[PDB]
Amino acid sequence: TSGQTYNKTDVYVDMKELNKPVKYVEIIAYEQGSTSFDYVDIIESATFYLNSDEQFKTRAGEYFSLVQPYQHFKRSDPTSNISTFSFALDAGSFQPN
Amino acid sequence: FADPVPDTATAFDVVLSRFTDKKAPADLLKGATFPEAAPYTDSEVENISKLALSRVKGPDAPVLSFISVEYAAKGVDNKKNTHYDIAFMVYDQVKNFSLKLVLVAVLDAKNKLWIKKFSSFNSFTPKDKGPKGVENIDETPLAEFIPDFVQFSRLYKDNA
Amino acid sequence: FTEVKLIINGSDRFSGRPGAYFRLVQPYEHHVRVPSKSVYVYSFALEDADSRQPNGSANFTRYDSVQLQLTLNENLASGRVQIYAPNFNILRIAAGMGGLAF
Amino acid sequence: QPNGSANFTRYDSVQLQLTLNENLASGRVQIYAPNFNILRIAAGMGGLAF
Amino acid sequence: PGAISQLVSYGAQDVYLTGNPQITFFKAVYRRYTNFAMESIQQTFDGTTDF
Amino acid sequence: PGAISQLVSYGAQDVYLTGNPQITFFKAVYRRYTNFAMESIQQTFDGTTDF
Amino acid sequence: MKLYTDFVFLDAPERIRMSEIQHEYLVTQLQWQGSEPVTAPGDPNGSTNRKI
Amino acid sequence: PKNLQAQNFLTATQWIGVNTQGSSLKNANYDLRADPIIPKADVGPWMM
Amino acid sequence: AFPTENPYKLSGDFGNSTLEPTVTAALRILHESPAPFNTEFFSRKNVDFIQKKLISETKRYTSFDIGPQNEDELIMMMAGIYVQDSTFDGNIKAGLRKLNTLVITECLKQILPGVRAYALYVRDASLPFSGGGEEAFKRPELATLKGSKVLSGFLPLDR
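Chains as they are written, first to last, in the entry's author numbering: chain A, 342 to 438; chain B, 55 to 214; chain C, 417 to 518; chain D, 469 to 518; chain E, 2 to 52; chain F, 2 to 52; chain G, 313 to 364; chain H, 146 to 193; chain I, 12 to 170.
It should be emphasised that the hints constitute simulated quantities derived from the structure, not laboratory data.
Subject to a maximum C-alpha distance of 30 Å in a straight line, what follows is the list of computed DSS-like cross-link-like pairs (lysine-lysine):
| hint | chain 1 | residue 1 | chain 2 | residue 2 |
| --- | --- | --- | --- | --- |
| 1 | I | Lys109 | H | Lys185 |
| 2 | F | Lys28 | B | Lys183 |
| 3 | B | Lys211 | I | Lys104 |
| 4 | C | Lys421 | A | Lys361 |
| 5 | B | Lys211 | I | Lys63 |
| 6 | I | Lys149 | E | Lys28 |
| 7 | B | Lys164 | B | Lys111 |
| 8 | I | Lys120 | B | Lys211 |
| 9 | A | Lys357 | I | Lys157 |
| 10 | I | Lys160 | A | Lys364 |
| 11 | B | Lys170 | B | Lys76 |
| 12 | I | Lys120 | E | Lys28 |
| 13 | A | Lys415 | G | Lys314 |
| 14 | G | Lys314 | A | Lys364 |
| 15 | B | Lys211 | I | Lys64 |
| 16 | I | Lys70 | H | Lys147 |
| 17 | B | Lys171 | B | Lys149 |
| 18 | B | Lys77 | B | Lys104 |
| 19 | B | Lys133 | B | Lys166 |
| 20 | G | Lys314 | A | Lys349 |
| 21 | I | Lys64 | I | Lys20 |
| 22 | C | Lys421 | I | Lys149 |
| 23 | I | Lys70 | I | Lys109 |
| 24 | A | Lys361 | B | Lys186 |
| 25 | I | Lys120 | H | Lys185 |
| 26 | B | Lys170 | B | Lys111 |
| 27 | I | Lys70 | B | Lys211 |
| 28 | B | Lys104 | B | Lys149 |
| 29 | I | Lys20 | I | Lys120 |
| 30 | B | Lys76 | B | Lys154 |
| 31 | I | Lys157 | A | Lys398 |
| 32 | F | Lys28 | B | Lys186 |
| 33 | A | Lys364 | B | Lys186 |
| 34 | B | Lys133 | B | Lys76 |
| 35 | H | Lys185 | B | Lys211 |
| 36 | B | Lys134 | B | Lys104 |
| 37 | B | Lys170 | B | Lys149 |
| 38 | C | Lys421 | A | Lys364 |
| 39 | I | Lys63 | I | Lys109 |
Given only the sequences and the hints, what does the whole structure look like? Please build it.
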């Protein structure tokens with residue numbers, strides 16, 4: 342209220358506006374001011390809730406960046422810090438896996 | 055009493071069926087519907103499976119040795135018709151393996167045993183499951199060309 | 417605000433437009449008076465100012481989630497933005513008893 | 469999906485003949501042979517069928 | 002002119018490619034699958050997990 | 002919780018994706034081939050083989 | 313050290329079929345043999361013609 | 146719409162400029178004459 | 012509703028003229044001299060057979076009555092198929108049987124979807140949109156449960 346800004350130790354994204362069957366999600370982070378490309382990994386761990394129920398055991402950020410993509414393409418982080426989470430065996434297939 | 059082996063069945067299940075009671079007991083046990091179940095009795099079920107195995111003495115019958123019972127479902131109606139639905143493991147001492155058998159059997163008031171079903175746990179021999187399955191996920195089978203009225207192949211057949 | 421845009425269930429509700437649209441144009445079209453002052457509005461109703469007759473409304477109850485984007489000017493002080501949303505309900509009076517139905 | 473195989477179960481004897489270089493050290497030659505089998509699962513039990 | 006000249010004069014040899022068509026490349030299709038969901042669950046070790 | 006909760010929840014879109022299933026992704030399928038064997042066999046040259 | 317397994321949960325129609333119907337899967341496995349030959353060393357204990 | 150006697154559905158557009166089989170014959174009639182017909186027995190691998 | 016006689020661009024396209032027979036016109040584009048194979052295939056009796064065969068077969072496959080087809084397009088098709096495939100060893104009947112078979116099949120391949128296409132055309136050319144009501148003018152469904160249960164604010168007592 343007073344206009345003070347404080348950093349969040351724990352920050353969550355509310356996926357409440359999304360009402361569709363989702364194949365996968367993609368997660369990035371970037372500087373608020375530099376609204377440009379070249380993404381950064383600032384995530385130590387992440388977990389997923391549906392109606393306040395855990396969906397899986399909290400995993401480290403490296404899991405989401407390096408491991409999870411195996412399901413689909415570009416499981417690498419040479420300059421990329423793009424992490425994903427899938428709800429399907431593959432993301433790329435046209436078929437609604 | 056009991057059921058004929060399904061027209062489609064393995065040889066193992068046809069033999070197990072050959073040893074069921076297809077004839078009614080006195081065909082008097084029609085008097086009440088469904089059992090009441092409140093038993094906490096265990097060892098009694100082991101003896102019913104053993105008795106069903108004691109019924110198999112055919113010249114072509116496998117050697118069957120009792121292992122153990124699970125899902126010992128019992129209850130009795132008020133005409134003293136005791137219903138059992140028993141799942142148990144049996145060891146084949148000649149070919150070296152174990153299977154689960156399903157035993158559905160009843161006792162009369164005199165504790166004589168009749169077997170309604172004796173079969174392998176697994177069923178649906180034909181494997182007609184709705185889902186067919188795909189060898190590749192990222193393969194979209196090419197869409198059938200829907201032909202004009204005549205379906206092509208009939209068109210060349212009609213045209214000499 | 418240099419630009420204002422409403423997002424409904426993750427989609428643009430309308431194409432984003434300059435703050436002046438919301439300060440001057442919208443009031444012109446739907447209200448009795450154009451505020452002149454830095455007041456921004458957006459209607460989901462057609463030509464209404466209560467009007468003693470509804471003519472269009474947004475059923476926020478059935479929106480799964482809403483957020484609104486404000487593109488701020490470059491010389492603003494820190495402070496509050498209040499958002500008000502006049503809405504319809506049904507006053508239900510029966511058998512000596514009152515209360516408001518949603 | 470299999471696209472061919474060599475059935476070793478009926479072979480009398482198999483040898484791998486390796487012509488070596490002359491700048492080698494002593495050590496191991498580790499030979500793998502990925503193969504097919506049938507896994508049968510029934511009545512709550514699994515096992516490999518030979 | 003255009004691709005029409007290619008479309009129209011498909012020619013005699015091409016009868017093996019475009020005659021009595023069997024499939025279409027222009028109808029995207031998919032098959033309905035069996036509902037499932039995935040969960041990542043941690044398992045534990047029985048015994049010391051060291052060198 | 003977990004995947005079990007995901008299976009219980011139901012959306013209308015599901016009738017177009019998981020209703021009346023046609024295939025599954027967890028039941029391995031394959032076809033059978035006449036046995037064949039490969040061999041790489043040397044060919045001979047007729048003529049000189051040089052630059 | 314932790315082991316994470318991705319489990320698949322099926323709806324009821326398939327879960328029932330999975331239990332009641334028997335399965336036969338075509339699967340792969342590895343086999344191997346070890347051997348530690350002298351492997352044609354400068355050392356006179358070997359030869360370049362070696363069979364395993 | 147069943148009495149379609151005024152309609153004309155055939156469009157022989159794929160058949161203009163056709164040669165004897167899929168070869169490049171420079172179709173053009175270079176020989177300013179009759180070009181009589183060559184008999185064709187449908188015997189393939191070995192003509193006879 | 013529909014005319015049964017077409018005011019052709021060119022009326023009396025083949026037939027109704029003495030200056031040149033149909034066969035001669037075919038022979039020129041073929042660049043071939045007359046031969047029994049040419050004179051029978053491009054004859055009026057064979058063209059009449061083909062026109063009637065196409066009308067009868069179409070009516071047998073479909074429920075639609077069609078008239079004779081644009082002859083200019085048919086004769087070009089006959090000559091086109093002829094050049095692509097004119098195989099005979101001197102057995103004129105066997106050659107004509109195969110060649111007529113190719114003409115009837117190629118023609119029906121155009122006529123059959125053509126009739127279907129036309130019937131659908133006139134369906135839409137006559138009335139606004141498809142005539143479909145709520146089937147066509149169907150807005151998307153939300154089908155989420157944010158507010159499927161309205162929390163009525165209160166429940167009054169029964170009196």
